[PDB]
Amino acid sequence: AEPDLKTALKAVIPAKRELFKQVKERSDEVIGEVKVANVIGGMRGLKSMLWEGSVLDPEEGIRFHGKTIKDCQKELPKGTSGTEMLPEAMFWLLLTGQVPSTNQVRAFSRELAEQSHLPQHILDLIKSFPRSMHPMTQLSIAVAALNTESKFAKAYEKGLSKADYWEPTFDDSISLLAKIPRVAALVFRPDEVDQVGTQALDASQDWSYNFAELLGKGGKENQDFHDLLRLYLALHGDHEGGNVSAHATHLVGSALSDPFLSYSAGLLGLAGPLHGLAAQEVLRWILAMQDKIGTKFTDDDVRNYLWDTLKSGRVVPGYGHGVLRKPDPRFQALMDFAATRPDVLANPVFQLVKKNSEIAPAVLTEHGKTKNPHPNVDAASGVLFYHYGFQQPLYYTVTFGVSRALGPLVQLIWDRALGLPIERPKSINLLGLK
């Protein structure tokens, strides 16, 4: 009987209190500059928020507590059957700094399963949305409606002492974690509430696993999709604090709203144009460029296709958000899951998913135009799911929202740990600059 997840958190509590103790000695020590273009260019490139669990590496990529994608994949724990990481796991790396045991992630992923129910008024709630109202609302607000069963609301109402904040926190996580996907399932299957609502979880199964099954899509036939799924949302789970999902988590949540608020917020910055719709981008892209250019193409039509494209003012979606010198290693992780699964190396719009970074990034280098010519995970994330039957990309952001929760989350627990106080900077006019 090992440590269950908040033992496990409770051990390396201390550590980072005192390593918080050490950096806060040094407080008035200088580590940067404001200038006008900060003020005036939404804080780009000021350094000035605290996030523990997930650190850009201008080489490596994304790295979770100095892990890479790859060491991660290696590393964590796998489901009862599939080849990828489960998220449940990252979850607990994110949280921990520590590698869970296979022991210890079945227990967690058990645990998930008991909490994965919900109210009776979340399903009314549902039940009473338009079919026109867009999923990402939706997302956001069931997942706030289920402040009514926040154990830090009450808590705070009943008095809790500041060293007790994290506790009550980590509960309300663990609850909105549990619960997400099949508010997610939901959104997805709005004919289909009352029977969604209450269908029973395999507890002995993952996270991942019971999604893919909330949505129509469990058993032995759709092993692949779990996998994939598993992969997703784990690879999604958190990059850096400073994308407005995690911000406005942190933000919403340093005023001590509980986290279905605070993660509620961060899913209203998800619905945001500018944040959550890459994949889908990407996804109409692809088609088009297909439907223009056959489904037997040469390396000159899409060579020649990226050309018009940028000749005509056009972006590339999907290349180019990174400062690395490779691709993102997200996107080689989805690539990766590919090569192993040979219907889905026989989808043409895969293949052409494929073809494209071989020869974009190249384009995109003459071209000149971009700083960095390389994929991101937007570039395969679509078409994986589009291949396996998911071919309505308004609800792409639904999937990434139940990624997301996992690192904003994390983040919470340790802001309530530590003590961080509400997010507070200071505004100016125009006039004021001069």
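Residue numbers count along the first chain shown, from 1. Definition used throughout: the rigid core is the maximal C-alpha set that superposes within 1.5 Å between two forms. First, how it differs from the form deposited in another entry.
Annotation: the position in 218, 242, 361, 135 displaced by at least 2 Å at CA between these two forms, with the core superposed, corresponds to 361. In the core-superposed comparison between these two forms, the C-alpha atom of residue 181 has shifted by less than 2 angstroms. Relative to the superposed core, residue 403 undergoes a Cα shift smaller than 2 Å between these two forms. Relative to the superposed rigid core, the position of the CA of residue 81 differs between these two forms by less than 2 Å.
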The other form holds:
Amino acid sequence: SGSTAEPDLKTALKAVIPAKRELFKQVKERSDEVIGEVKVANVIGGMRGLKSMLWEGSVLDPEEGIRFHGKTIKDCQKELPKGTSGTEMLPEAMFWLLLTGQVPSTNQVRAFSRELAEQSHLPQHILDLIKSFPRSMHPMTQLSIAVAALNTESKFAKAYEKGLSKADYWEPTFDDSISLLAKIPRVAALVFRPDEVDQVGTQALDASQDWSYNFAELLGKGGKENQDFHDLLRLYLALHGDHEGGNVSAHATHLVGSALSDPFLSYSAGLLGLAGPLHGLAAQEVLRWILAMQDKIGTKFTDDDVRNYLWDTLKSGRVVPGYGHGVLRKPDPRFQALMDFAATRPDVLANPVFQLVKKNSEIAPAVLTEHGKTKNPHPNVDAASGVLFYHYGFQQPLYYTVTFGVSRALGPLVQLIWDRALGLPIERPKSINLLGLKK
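Coords for the form deposited in another entry, given the form deposited in one PDB entry:
The following holds one chain only.
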């Protein structure tokens, strides 16, 4: 008899592809319109400030923070479906929104969550590969490699090799994207649990549960005793999914993808960028810094004690980690979302490590402004994420970037699908040497 089921994700995307192609055609008619200037600063300064790439699902306002299809984080928290338990927005609902431009129904998200659970299994060769990693290989190196290795499972790579019309690129791109999303929490958990590859690598995920819940189970933090952690993980993964196109991981994914490398190879390149100290490692560094501060001033500390430690940091020529940003000039709404997560949880508010993060957030911006060397003295999301993981017993900060890697698949994979749906060309700017800028 007849389906009761609402459109699935691929069907929902199909519904909106023609309109985006039409908008693209209209913009293309204005190809020759001048929208800005290039200065020497832009070339030597890593393209900072230069509007030079397309990204559909999110736009970062320097004053107001990230928007997803023009919606605030608070809007998304209110409107996006939640899990069968808990109160935080689901990252798979965020993926739906980023891709389609629409808020899915709870029933649509339930069906998508089932697909992600079902598609999470791995080839035996991937488990063999992971078992070959030395114990001391950095977790982000492990994650990047294992994601690239999954290109053995790429429908796009195989279809292209057999002969694929340009018009038919988006669908295998979509298929590979969902495959990767389904698999990456398991890969991440394998990086976290090298002594349990055979179990973690094969265990069936509960297809009635959400992506974050099942990630937490694979991490060994399943069960009702970890329900607050499940909600933290949902929120964290949703908040870190996309931050417009110019951030290193998103951009690298787009760049590699633009040569028609498949989504596995493309997001591997994004992960290699996340492995960079100036891009993915800050949340780890923040927690190390806070804990080092705590060791010095104690669990009972004054505002002056914190000010003094901040001044010593700056006088020493070092940055206060988790403060400032390449684009944001004002408080990061992702930071406030994570602090507000703590607001309803007395155990978190009582945690001296959280209290130190909180107090630092109240003191550091004035100190940084007085010191005068930053363009943005405000906290960014990395100021808060680590301590919340730490509170819930995820206390090995080397793996905080691995969780970032899982989240940050979301937005860049959405854009790769659109890149292919629209037929965007290879990304290939022109370079110049210093001699050419001199004369």
